[PDB]
Amino acid sequence: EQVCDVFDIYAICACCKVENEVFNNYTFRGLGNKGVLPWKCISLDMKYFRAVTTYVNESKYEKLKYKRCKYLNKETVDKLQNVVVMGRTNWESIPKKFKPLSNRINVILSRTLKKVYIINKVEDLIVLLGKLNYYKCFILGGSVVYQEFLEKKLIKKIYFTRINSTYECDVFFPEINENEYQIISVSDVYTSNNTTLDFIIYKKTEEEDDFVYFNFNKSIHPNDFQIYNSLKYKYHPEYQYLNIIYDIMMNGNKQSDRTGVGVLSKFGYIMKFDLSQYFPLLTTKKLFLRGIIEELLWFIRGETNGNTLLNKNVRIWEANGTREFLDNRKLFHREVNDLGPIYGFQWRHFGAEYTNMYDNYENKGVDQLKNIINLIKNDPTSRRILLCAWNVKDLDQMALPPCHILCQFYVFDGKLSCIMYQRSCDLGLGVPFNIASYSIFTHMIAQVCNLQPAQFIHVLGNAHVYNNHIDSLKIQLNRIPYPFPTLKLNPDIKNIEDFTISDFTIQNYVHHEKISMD
Amino acid sequence: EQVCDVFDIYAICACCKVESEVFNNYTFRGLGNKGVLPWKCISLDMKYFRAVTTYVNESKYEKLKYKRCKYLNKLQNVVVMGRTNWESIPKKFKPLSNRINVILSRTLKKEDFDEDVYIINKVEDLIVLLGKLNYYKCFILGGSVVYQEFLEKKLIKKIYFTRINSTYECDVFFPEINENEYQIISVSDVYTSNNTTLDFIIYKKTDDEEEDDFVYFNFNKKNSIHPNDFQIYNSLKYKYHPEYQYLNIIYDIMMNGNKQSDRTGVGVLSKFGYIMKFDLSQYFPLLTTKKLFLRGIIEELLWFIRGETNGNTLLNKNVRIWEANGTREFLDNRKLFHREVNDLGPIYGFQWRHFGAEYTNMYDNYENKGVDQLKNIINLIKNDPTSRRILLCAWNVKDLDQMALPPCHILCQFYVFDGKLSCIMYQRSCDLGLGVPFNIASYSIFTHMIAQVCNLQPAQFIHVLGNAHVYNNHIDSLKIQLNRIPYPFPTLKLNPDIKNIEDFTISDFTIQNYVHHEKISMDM
Ligand SMILES: NC(=O)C1=CN([C@@H]2O[C@H](COP(=O)(O)OP(=O)(O)OC[C@H]3O[C@@H](n4cnc5c(N)ncnc54)[C@H](OP(=O)(O)O)[C@@H]3O)[C@@H](O)[C@H]2O)C=CC1
Ligand SMILES: NC(=O)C1=CN([C@@H]2O[C@H](COP(=O)(O)OP(=O)(O)OC[C@H]3O[C@@H](n4cnc5c(N)ncnc54)[C@H](OP(=O)(O)O)[C@@H]3O)[C@@H](O)[C@H]2O)C=CC1
Ligand SMILES: CCc1nc(N)nc(N)c1OCCCCOc1ccc(-c2ccc(C(=O)O)cc2)cc1
Ligand SMILES: CCc1nc(N)nc(N)c1OCCCCOc1ccc(-c2ccc(C(=O)O)cc2)cc1
Ligand SMILES: O=c1ccn([C@H]2C[C@H](O)[C@@H](COP(=O)(O)O)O2)c(=O)[nH]1
Ligand SMILES: O=c1ccn([C@H]2C[C@H](O)[C@@H](COP(=O)(O)O)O2)c(=O)[nH]1
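Which chain is which? The protein sequence lines are A and B, in order.
Using the UniProt record's numbering, the letters of the first sequence map in sequence onto residues 3 to 21, 29 to 87, 97 to 133, 140 to 229, 285 to 297, 306 to 605.
Using the UniProt record's numbering, the letters of the second sequence map in sequence onto residues 3 to 22, 30 to 82, 97 to 229, 283 to 297, 304 to 606.
Any given hint could be a false lead.
Said to hold, decoys possible - Beta-carbon label-pair distances, calculated as ranges:
| # | chain 1 | residue 1 | chain 2 | residue 2 | range |
| --- | --- | --- | --- | --- | --- |
| 1 | B | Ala60 | A | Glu204 | 42 to 48 Å |
| 2 | B | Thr409 | A | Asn443 | 44 to 50 Å |
| 3 | B | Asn555 | A | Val45 | 55 to 61 Å |
| 4 | B | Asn582 | A | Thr442 | 35 to 41 Å |
As the list claims (entries may be wrong) - With a cut-off of at most 25 Å between alpha-carbon atoms, the simulated DSS-like pairs for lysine-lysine come out as follows:
| # | chain 1 | residue 1 | chain 2 | residue 2 |
| --- | --- | --- | --- | --- |
| 5 | A | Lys297 | B | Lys69 |
| 6 | B | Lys480 | A | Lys480 |
| 7 | A | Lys417 | B | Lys457 |
| 8 | A | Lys56 | B | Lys69 |
| 9 | A | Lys359 | B | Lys304 |
Worth flagging that the hints you see were computed from the coordinates, not collected in a lab.
From the three backbone atoms N, C-alpha and C, an ideal C-beta is built for every residue, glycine too.
Could you build all of it, start to finish, from the sequences and the hints given here?
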């Protein structure tokens, strides 16, 4: 029977980053600078902190007192609040207008303070706790306090805010030992005061029956997903991707492939990412975006020339443009790397007769990109703001038919959302890039129409995991996401055709190690 | 305290429809015929009945034992049967296994039974018996005389009620349940077993560390619709009937919808992005919380498949779905000044059979012009079933302004596994109160037709909604409808001799066992 369990002693803290980088939990360590917080107010962390440290559940107290008494070999302890323990320097950095911390029993560790309790050794806290009625006990820091409370093994859980930005710091949270503590929960990702952040939790290592009745009809070893399955709360939006992989692995249909690879597949999924709060660049592996952005730029120019991409070493379309690949598609009369009437051609020239990749198509066919931008600007409540690449007439002349069938747009209260329907979804290699690409695009349309981006919504049709990706995705599922990065566009660009590679910046991308999916 | 609460006395039953139109909960009331059951085995109900009457939770007995102790001062359930019920059970099934069996009788006594059973000769003796036994719950198993007297005396806490959605000859009937004594608290998924659909409803008499963590994670959490406006809807504990996928979306839009104007002038509440899934192997999802007829939508689908764009064809069969979109005034407001009345332009049927052909008029012969995508997808399903390119697309960007209006149903994608066909339809714009009920029915039918002609069985119709809206003028009608409890769905049957997609006619379709609430004008 350990003290921290008896007295419900917990740590709570907020850690920023500090000035081929490798990332780990320790990336998030920064606590303070010059007696104060490294950052200007991050008001969302403040609200979380207040609510965690003040929250009490009276009905649960009877049971805690019991345990505490039986431990201290007593029969009695002799409006419920929590205890909060601050180091002296910590207590001095708090604006006086906020001291003592409201609705909490304030305890201060100090050797040089004299009488809101003061105490001058840790063991004196245990004593004080044995003589109080309190719900739980929260160690609020600073650095010295966490250090000693942690080495003395006095901490049941760590409520750890990850501030995904870099500050100058002079004091650090200690390195949490992964054999001592493991993460059991991860929150939604949020933006506050110009940074992303998330909240994670380390742990020390009648109607009921009716529910059963309604359930009366209901080569992967899930034990391999130890970390995945041991998490309790999985609210980080990256879990929308990871959970689909889990689902396909566990419940997928075995089917054969043109490459003889084999897939597990399922049909019909939705993911939704809130672009006002973050940029959903997967963090459970490394992803690179230069190629993805050039591809989008090449679509917007309405290009179908694969050489343009190849000469910038963007090799996404290379295999689809070879002599052999075109001949197998019966495009015997197509030049190498002429991909035919694919996305760019359909976005700007839908319905025009395709000749070759060098022809001049200006003012030929339907310029649906211009059309949707005008509809957003002039008739935002239109339900016909669609951009469609599936030209049934032209499919057989494409190097391959589009995987990204259409985008539809929705405008409410100055904000833009986008649904993209994908007929075919390689969860392991394709879908991560695909989410990035259409999130970028959503931002680009929003900016040129003076709107703010809201949600990117991804509908997956035939959704598959290649059998040669399974071992890699197993490794990936047992990694814990980090808070997402942010995308910044150059704010000067007000025309969809005016963006260049230099107008795009990913900020604060923290990621696990790259994985060769094969 | 009541006797039924102390001793945990429940009823479980199964009721079919009977021969003798308005529907109500009393539609399901057939129990028995000539001393045995009205149907041959409905095995899924037998499985449910065994699961419910045999399940026990040992960890909860201690509190039960305490409660009954106060009242008076391996674990198993007790089951109680009328004598006629007992004699109806096949010998090999008696006594009911893993249960304490109790029989009510005057004419027979314990010397008349070989089996491990308790005989009781009045209800009062049941209660005495329950006071003497160790048991989890007590299930009253019928028949009609027994249900009658247990209900009359208020000795039933809940009724586990199976709705068998088919009609049989009966001579005995469950009591009419008094809606002021008993109300439905829960409704199951809908299933098919032994060629009938059925569901299961429930009437009621009228480390918690991780719990605090739940609260912490919620530290950061609209429309003047009123709470009491959904009393019945919100009083249900389990809402597992697939009709709730539709009803819950309506609720979501009412409560969280964004207010917006629209091309129509009415304004709406809107949201963006929903998915519904319907299991066509188990039911035909025609909405039951209001009345729908399918003659028109079936004639529409046949007209689509034929490649037709002539609205007169529909009007001549008294189908008016497209009438307003073909008037002189409508076409002119679309700037289609050189279009004949009821010439709807290159819409669905034209795109399905002739995508990319130049549209002239509704009378032209377009044979072998454009892409016959309907044919192409049938060929793909038959010869390349694992293709990820089996898509039928009505949104032809080039032809949009020539259409009476652009399609709402943008595309269907198909999926085949293990001899079974699934279908996703993506709907760019979705009128929840009027359009969507019919849209679900149309694409569900089309999935069955495509499956049959490719020698597959239907699996799931998946409906993806883009712009999803409730018209302000529909809100009061939808409020009414949401306080209705769905009935088990109907089934759809097709003439099995039809083996080509082009060869269906209206009499090739039958909708069987449609039970529904009354018709609702969505508008005033
Ligand atoms: N971001 C976050 O989550 C948090 C950050 N901070 C930041 O951390 C910094 C403060 O950290 P740090 O410098 O380590 O200071 P601390 O808050 O850890 O204070 C240390 C002091 O506490 C007293 N003390 C410590 N251990 C004991 C003990 N065992 N017995 C008795 N008294 C003890 C002593 O005061 P004495 O001199 O009287 O002996 C000691 O010098 C600031 O910059 C602050 O803003 C603060 C709170 C949380
Ligand atoms: N579909 C369903 O869910 C169910 C249907 N059934 C069907 O229902 C029919 C049987 O119903 P029903 O004809 O109403 O008969 P019951 O099963 O209700 O049995 C009636 C007999 O039970 C005895 N009995 C009942 N109440 C008492 C009492 N208070 N004290 C003493 N004895 C009592 C008497 O036996 P005695 O004459 O010997 O004195 C009486 O004649 C059959 O067709 C059966 O298959 C039955 C149960 C479930
Ligand atoms: C960083 C928070 C935090 N977060 C987490 N998760 N764990 C913590 N243990 C933690 O901190 C230590 C708690 C005591 C400090 O209590 C303060 C109160 C108010 C201001 C304050 C400063 C500036 C403004 C303003 O400029 O408006 C307003 C308030 C600072 C500290
Ligand atoms: C309809 C059941 C039922 N359902 C629900 N929901 N509540 C009920 N209270 C209920 O009944 C009460 C059970 C007493 C009769 O228990 C039987 C057991 C087996 C066969 C039996 C007969 C024939 C065959 C065969 O021919 O295959 C197989 C089994 C009949 C009755
Ligand atoms: O942007 C893309 C393009 C392709 N794919 C995957 C889906 C399939 O695995 C393959 C294309 O093969 P077909 O589905 O077209 O046959 O590429 C994606 O995930 N994303
Ligand atoms: O099969 C159909 C046809 C139409 N609509 C509704 C959606 C809109 O309320 C309206 C079409 O208007 P636009 O979205 O095209 O503006 O009709 C449906 O729900 N289903």
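Is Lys359/A close enough to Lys304/B, meaning Cα to Cα at most 25 Å? Cα-Cα ~21 Å, so holds.
Using the C-beta atoms of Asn582/B and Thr442/A, is the stated range 35 to 41 Å upheld? holds, 38 Å
Check the following: the C-beta atoms of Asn555/B and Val45/A are separated by a distance inside 55 to 61 Å. holds, 59 Å
Is the hinted pair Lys297/A and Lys69/B satisfied, with a Cα-Cα distance of at most 25 Å? With Cα atoms ~24 Å apart, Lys297/A and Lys69/B stay inside 25 Å; holds.
Quickly compare the C-alpha distance for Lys56/A and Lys69/B to 25 Å and report which way the hint goes. Since the Cα atoms of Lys56/A and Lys69/B sit roughly 40 Å apart, the hinted pair is violated (cutoff 25 Å).
C-beta pair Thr409/B, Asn443/A: status relative to the range 44 to 50 Å that was hinted: holds, 46 Å
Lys417/A and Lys457/B were given as a pair; does the straight-line alpha-carbon distance stay at or below 25 Å? holds, 21 Å
Range first: 42 to 48 Å. Now tell me if the beta carbons of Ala60/B and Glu204/A are that far apart. holds, 45 Å
Take the C-alpha atoms of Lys480/B and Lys480/A, compute the straight-line distance between them, and say whether it is at most 25 Å. Measuring from Cα to Cα gives roughly 11 Å; hence the hint holds.
In this structure, only the earlier hint numbered 8 is contradicted, and the remaining ones agree with it.
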